[PDB]
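Trainee: These are the residues of each chain, in order.
6 protein chains.
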Amino acid sequence: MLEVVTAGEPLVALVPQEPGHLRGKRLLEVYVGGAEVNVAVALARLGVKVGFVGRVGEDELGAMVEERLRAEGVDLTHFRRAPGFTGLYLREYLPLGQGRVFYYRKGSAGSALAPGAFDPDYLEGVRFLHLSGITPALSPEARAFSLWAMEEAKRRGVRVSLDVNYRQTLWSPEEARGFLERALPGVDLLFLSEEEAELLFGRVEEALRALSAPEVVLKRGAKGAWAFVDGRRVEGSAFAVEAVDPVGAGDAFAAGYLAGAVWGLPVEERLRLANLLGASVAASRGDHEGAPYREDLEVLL
Amino acid sequence: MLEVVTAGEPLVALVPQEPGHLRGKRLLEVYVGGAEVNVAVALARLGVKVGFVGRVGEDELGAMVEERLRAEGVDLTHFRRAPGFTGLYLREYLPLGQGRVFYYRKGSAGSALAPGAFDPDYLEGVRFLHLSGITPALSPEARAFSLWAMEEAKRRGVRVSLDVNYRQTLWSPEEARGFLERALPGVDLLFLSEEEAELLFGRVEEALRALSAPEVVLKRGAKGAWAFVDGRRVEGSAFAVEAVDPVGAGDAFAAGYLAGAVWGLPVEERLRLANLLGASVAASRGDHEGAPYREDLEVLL
Amino acid sequence: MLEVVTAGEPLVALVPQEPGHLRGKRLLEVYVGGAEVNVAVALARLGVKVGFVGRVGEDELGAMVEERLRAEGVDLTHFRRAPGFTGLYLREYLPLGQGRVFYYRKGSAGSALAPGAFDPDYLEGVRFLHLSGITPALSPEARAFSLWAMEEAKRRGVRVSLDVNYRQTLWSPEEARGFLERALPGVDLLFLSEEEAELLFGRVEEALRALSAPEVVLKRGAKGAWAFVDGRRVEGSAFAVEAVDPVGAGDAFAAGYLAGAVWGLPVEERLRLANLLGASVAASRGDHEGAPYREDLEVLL
Amino acid sequence: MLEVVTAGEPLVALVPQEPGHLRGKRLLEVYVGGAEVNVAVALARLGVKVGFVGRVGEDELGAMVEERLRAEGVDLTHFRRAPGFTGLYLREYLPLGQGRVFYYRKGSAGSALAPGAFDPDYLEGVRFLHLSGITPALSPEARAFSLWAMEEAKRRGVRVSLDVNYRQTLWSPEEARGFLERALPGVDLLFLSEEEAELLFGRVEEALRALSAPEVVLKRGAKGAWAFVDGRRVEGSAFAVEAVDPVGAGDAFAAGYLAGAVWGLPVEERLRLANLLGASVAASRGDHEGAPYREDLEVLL
Amino acid sequence: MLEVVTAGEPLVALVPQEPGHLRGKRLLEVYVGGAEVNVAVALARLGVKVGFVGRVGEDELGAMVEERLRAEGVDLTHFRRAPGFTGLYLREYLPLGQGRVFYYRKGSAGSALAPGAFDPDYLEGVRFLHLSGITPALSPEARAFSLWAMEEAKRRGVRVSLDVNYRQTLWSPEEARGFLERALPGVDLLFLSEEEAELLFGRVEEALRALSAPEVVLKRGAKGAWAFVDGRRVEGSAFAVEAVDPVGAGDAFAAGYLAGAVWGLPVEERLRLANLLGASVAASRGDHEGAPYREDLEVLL
Amino acid sequence: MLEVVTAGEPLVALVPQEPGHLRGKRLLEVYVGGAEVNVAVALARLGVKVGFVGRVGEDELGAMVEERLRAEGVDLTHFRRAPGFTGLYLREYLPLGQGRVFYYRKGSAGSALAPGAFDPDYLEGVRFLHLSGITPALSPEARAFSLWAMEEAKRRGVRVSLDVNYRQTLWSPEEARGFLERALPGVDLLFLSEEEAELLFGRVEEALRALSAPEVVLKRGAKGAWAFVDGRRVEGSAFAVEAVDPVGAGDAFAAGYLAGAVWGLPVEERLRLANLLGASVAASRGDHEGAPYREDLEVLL
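Residue numbers (the authors' numbering), protein chains in the order written: chain A, 1 to 301; chain B, 1 to 301; chain B', 1 to 301; chain A', 1 to 301; chain A'', 1 to 301; chain B'', 1 to 301. A prime marks a further copy of an entry chain.
Since the hints were derived computationally from the structure, they do not count as laboratory data.
Please note that a few of the clues may not be correct.
[Unchecked claim] Dumping the calculated EDC-like pairs for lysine to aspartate or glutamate here, alpha-carbon to alpha-carbon at most 16 Å:
(1) B:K25 to A:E29
(2) A'':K25 to B':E29
(3) A':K25 to B'':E67
Throw the hints in and build the complete structure from the sequences for me.
Mentor: Here's what the structure looks like:
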């Protein structure tokens with residue numbers, strides 16, 4: 001039976017093989033990405049029974065997504081190729097670090113997602129349903145879907161996990177704020193970064209007061225992070241490693257924290273776990289390439 | 001002074017390094033393409049003073065187009081990066097030959113092109129203005145632009161060359177038909193393929209009766225081609241070479257025929273020339289990679 | 001429900017990117033191979049519901065096999081990683097064509113395969129069970145397994161297909177002969193090459209008299225091939241294409257013929273089909289890379 | 001109108017894709033380089049109207065230089081291919097850092113450069129004329145040219161900028177010294193490194209006393225640098241970044257400082273700017289690959 | 001005349017081009033390795049007359065080993081291809097550093113090595129005979145060979161150098177211990193790492209008391225190392241460099257220390273030398289790629 | 001004992017990975033070349049004991065030559081790195097076939113070669129001494145050396161083989177002519193191409209009358225070739241294979257013919273042999289890459 005279920009829009013990442021401006025490259029590497037996706041994979045790699053829900057176009061890129069998911073062991077009960085196209089994007093990491101991103105996903109088969117996108121009973125018996133603030137920002141359908149989705153998970157005694165992920169590209173801090181204030185009630189687990197808190201509540205302080213979910217984790221760059229449960233605030237291990245491709249650590253981290261919880265581990269181990277994931281993906285090129293496999297933890301144990 | 005002026009939407013081609021389904025590749029080569037573009041380059045490579053008109057987004061891909069054009073020696077007097085994005089596409093050539101294409105260009109800065117896109121006086125003194133049936137199919141703006149453009153060329157005693165290039169993706173054979181019937185009057189030189197004639201007039205025969213422009217050249221796959229001028233019909237050299245990447249020979253050919261004319265060469269040499277170009281580009285990976293340089297003809301002479 | 005079930009030892013192919021002696025290369029491409037495997041994939045790619053049975057080590061190479069199979073859509077109900085290692089091999093194609101192969105598979109987790117390796121009921125309702133003469137040559141366990149396996153398929157009204165594939169490396173023509181004579185009784189469909197018939201019966205003639213299975217297909221290099229059913233002998237289309245990497249066409253072919261039969265097609269179409277597969281894989285680098293997908297036939301139709 | 005004009009000998013760099021001895025590599029990357037060139041590009045990339053003066057052979061490598069310059073937007077009014085060959089060089093960066101260089105430029109079309117190499121009126125209205133101590137070291141022609149050149153710039157109210165760049169390969173510290181003492185009078189802006197000062201004046205102290213130009217900037221490795229204007233000595237930001245390919249930062253830096261001045265920015269910003277450039281190029285493979293573009297500063301602003 | 005002679009089993013390393021799990025790679029680089037081999041090369045590169053003794057299969061990989069050795073200048077008087085196969089192995093370096101290795105060498109032509117494997121007179125006049133604790137761990141033949149070998153070197157006034165190199169894969173700490181206690185008497189020079197001392201004597205302290213050879217060097221990670229001669233304990237330069245591929249530094253180091261001794265240099269220089277080697281190889285991909293050449297020291301001098 | 005001895009200047013070839021103008025490439029492959037060198041290797045690969053004589057600079061490229069030669073099994077008794085640099089060149093193969101070459105070898109350590117370059121006794125007992133018309137064209141030293149060299153071979157009963165190889169780049173048809181007329185007397189075996197005969201004697205007919213050496217072989221493109229011995233004229237097998245990189249077949253061929261003779265084979269087999277070599281190298285990228293190994297002939301036998 002599935003332990004975790006996530007949902008979102010899959011995207012294909014195109015990335016240069018080395019730092020520098022995209023304008024100058026002539027060879028791009030192809031990777032499969034998408035927050036929720038990055039997360040499903042990570043979990044899948046750790047032995048967690050997880051299912052992904054989403055759509056992709058009936059194009060070669062869609063096929064690729066599917067193969068990849070299927071290969072990783074993700075449950076695609078409610079995932080399929082549909083008329084339309086698959087969203088993709090181009091990335092570029094500058095020498096001194098200033099990255100920039102370009103999207104080509106508006107109107108993709110995957111950005112459809114509307115309430116009822118799958119059969120709710122799917123959620124039954126499941127531990128968690130994870131989502132990203134990116135999905136609801138795509139379209140009003142999605143927005144609705146999202147609300148609908150956790151509503152249903154709640155209704156089924158399924159824990160709702162949410163990684164804020166504010167994309168200025170998709171919407172305003174006000175809209176984002178509006179969304180959250182409407183959504184928070186149904187959230188049990190929330191993932192957030194400092195910038196995001198600052199950028200939407202002025203200070204990482206107010207944000208906490210406002211968004212007081214049962215459990216909230218705050219990513220704080222390389223300064224570890226803090227977990228907030230039972231009025232308690234455990235701090236996580238900070239990491240002195242340099243980013244290779246920090247483009248998916250955020251998701252890896254969450255996944256990591258998720259796996260811990262799914263295994264009913266003390267907040268300390270969950271964090272520990274989460275950085276471990278984040279670290280690994282950050283240390284590798286690709287959205288979720290670098291995500292470790294269960295047997296790795298085992299040896300590392 | 002410019003001898004030739006072409007206009008269209010530039011696109012960035014992404015192509016696998018070897019036959020096979022895109023879904024399986026993980027490394028894509030980056031090339032600059034776009035019918036009119038492919039043509040401007042070819043000519044440029046041959047010593048022809050040519051100018052390109054069009055727009056691209058203010059993105060790294062746009063920058064790339066520009067560098068490439070600039071490097072080739074194309075006149076960019078009326079070419080520039082503008083707000084928006086640059087259109088791109090992914091290609092894939094199957095083992096047995098069934099290729100398939102995926103676009104990501106709708107709404108691109110380059111698909112804007114509306115009448116007056118540049119200063120008409122530019123056209124002055126110019127020998128030819130070349131266009132592709134792809135441009136007017138992009139948007140009504142373009143459609144209008146096209147008409148406008150040759151109108152202006154005509155008005156300036158500039159020869160109008162047109163490569164049909166019917167894209168089913170952009171529109172219907174009816175619309176295409178409608179366009180042509182309205183445009184033909186102002187065409188002096190027309191490039192056409194058998195399938196296109198068949199696909200829009202039932203037979204390569206009727207098409208000829210209907211579209212009787214001063215000079216018409218019919219591409220007939222590897223069976224050479226025929227030139228129609230002065231009620232005469234010269235046949236061109238057929239070529240027994242195998243295609244590597246036939247994705248731009250059509251343009252190369254045209255360019256080739258154009259260079260010939262610009263040099264006031266007998267229809268025989270123009271054809272000869274045209275196949276030569278087509279052959280070379282077809283024998284090379286990339287949209288217009290393979291286009292020979294003037295000094296090459298010289299040695300080949 | 002599964003239409004086809006195959007079983008064998010998966011192997012990882014390491015191959016230079018271009019002709020020449022392995023001793024000189026410094027970059028090897030990694031491919032997944034193994035007769036039965038190559039076949040399962042081909043079918044899988046064609047829409048056929050097929051399942052693979054076998055084992056691989058608990059190593060990164062094993063993981064790779066699995067991902068690949070899983071991605072292709074193969075049923076792995078009775079496939080898994082087990083203690084031990086994964087067999088692999090290095091290939092090398094010489095300029096003038098003299099290839100040579102090096103194995104590193106003896107004692108691999110995959111070469112275990114003993115009778116009962118999976119639950120026989122799996123076979124139920126299945127059309128065919130395919131095997132290669134390579135498997136029984138690996139070990140006495142395998143040898144036994146093989147016999148056991150078709151015994152069970154027979155017992156379930158499942159058609160037994162066998163591709164001889166004599167490997168001198170594994171055993172002698174006598175042993176091979178011994179095996180066949182003991183196995184033929186249970187074979188409904190047999191795939192064979194001229195050299196193999198010559199090499200084990202003196203002449204491609206005697207081999208036929210001796211190994212008279214309900215249906216036998218003889219691969220005859222580029223001279224087409226012959227099908228023997230109902231005392232009839234249809235000849236297949238010969239192919240004038242040059243081999244790129246002929247290392248798996250043999251399997252592709254079989255798969256091709258299998259798909260045809262599974263679809264209940266006239267022997268003529270099955271052959272036609274088979275060469276088509278063989279040709280495509282032969283025209284591509286990699287063991288089964290080049291295997292076409294169902295939708296390809298469709299366009300080709 | 002041109003804001004900056006530089007002149008020198010263009011060279012083609014050949015570099016291994018990774019650290020190690022050249023003797024062991026078998027694949028070399030091709031880059032366009034040459035102090036003055038590296039600088040023209042950098043500026044060009046920043047929006048500065050700059051022109052380059054120099055010669056290259058009538059070879060494929062020359063053509064390459066030209067394409068590259070042309071693509072970057074450099075004014076080639078007085079740049080052209082001429083009989084002869086194009087200078088090139090091979091580089092190699094060792095694991096522990098000990099690099100070594102090999103030249104193949106003696107007698108190149110580009111090392112000709114003699115007084116009058118271009119029309120002086122070109123210089124008119126221009127802000128600065130930049131040169132490197134490498135040029136005059138090439139040949140007595142060049143040496144003369146150099147003197148001639150700034151003489152002419154002076155004569156036109158054009159600021160003379162000079163990056164010492166002592167190459168032991170080309171000449172002795174005495175000759176270098178001799179040159180400078182003869183040239184300094186006409187220099188308004190001088191770029192220098194500590195080693196060079198030490199290596200030619202014993203101490204970075206004496207060098208300053210001796211070479212007291214209106215404005216002098218001293219590169220001091222990663223310890224920032226110092227600017228000397230109006231008896232004042234501003235210090236620049238030191239940078240804690242590791243060199244990827246420090247082979248052109250020196251030029252990038254200068255360019256950077258130049259752009260600042262051209263924009264009439266306070267010495268502080270000029271430095272800031274200069275390190276920024278240097279840093280970026282140093283963080284990238286290639287002579288001037290890594291040089292940022294104007295719109296980058298903008299975002300970085 | 002040979003100054004140094006080493007002996008062991010050559011192996012072919014297969015390594016991914018970048019960090020990550022082997023299961024995910026699809027391109028592996030081919031390198032020649034094997035402790036003793038890595039060492040012979042290093043020395044060879046430094047101008048030291050050294051000879052290698054060992055066997056490899058009559059396969060393409062064997063040929064490769066030979067070419068490589070031959071190219072490096074190693075004396076192969078008693079080295080040859082013999083029936084059988086060549087051992088090889090696959091490596092994989094994880095993002096966070098946890099490497100893992102996979103062997104395919106059991107039963108290789110090279111693991112034969114039995115007493116008398118070569119003519120003892122070879123050893124005559126030689127300075128040192130170097131060995132690794134890996135060889136005797138391969139097989140009882142080898143084990144015997146080893147003992148035999150230094151016995152013979154001793155008998156010829158040849159210094160015996162031994163790099164412990166405990167491989168848990170080959171045997172137990174007890175067996176290893178047993179071996180050493182039996183071998184130490186004939187050792188003049190011993191190389192050891194902290195872990196190994198800890199892992200076989202509880203503490204790096206006891207190990208020293210137990211294994212008191214004339215000269216013993218203890219590798220201590222990046223904390224330099226200590227040399228033990230004449231009741232004295234010189235400490236070596238610690239190195240603040242990050243490992244690229246630390247897979248052969250251990251050997252490089254030893255070689256380095258060997259070259260020093262062969263040149264009769266003070267222990268200080270020998271260490272200095274040794275780290276230098278280790279550092280260089282560690283800073284490069286490949287088993288012994290990165291090993292510097294004599295003329296490099298010269299420039300570095 | 002050496003069977004063959006050749007001498008010349010080694011050069012490093014830099015070549016694009018695919019057809020097209022060098023100006024556009026950005027990645028060049030590194031190969032070791034040089035007529036005589038190409039030949040020594042070929043022979044070496046065939047089991048022939050051959051020695052090479054020549055010099056290279058004390059640079060990383062020189063080192064490379066040496067490793068390569070050494071790895072191939074060539075006798076370097078009289079080969080060494082000397083002060084100076086190593087000659088190199090860049091190649092480029094155009095789509096339609098018009099290749100062009102660029103040298104950077106004038107004044108190289110290797111172009112020194114003067115009479116007495118090695119000890120004549122080396123030649124003793126040797127079957128043949130092979131040379132190319134390229135060497136004497138390099139410098140008057142070389143020119144003298146050449147004469148000197150065969151003089152010495154003659155004096156030692158060593159057969160003199162010469163491959164004309166007229167390089168217009170090095171000298172005039174007159175000088176070439178002058179050289180030959182002075183050298184022919186001492187030639188026993190001469191290799192020549194039609195163009196060369198035409199280009200230096202008007203007709204392939206006169207050339208034969210003029211240059212009547214004991215044995216002369218005329219390369220005639222793909223139309224086989226003719227051997228002239230004992231007033232007889234055997235014709236060789238023509239080859240219907242397409243050139244990949246025809247840049248060294250000429251040498252391969254010669255080598256091939258040489259091996260035959262060294263093995264005392266009938267002129268028919270020598271030719272047969274020669275085309276075989278030429279074909280193989282022509283079918284491969286690189287100067288002599290593609291040269292087959294003895295064991296290959298064996299299988300091919």
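Trainee: Run every hint past the structure and note whether it holds.
Mentor: How the hints compare with the structure:
1. B:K25 to A:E29: 9 Å, holds
2. A'':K25 to B':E29: Holds, at roughly 10 Å.
3. A':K25 to B'':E67: Satisfied, since the Cα-Cα distance of roughly 12 Å is no more than 16 Å.
Checked against the numbered hints above, the structure breaks none of them.
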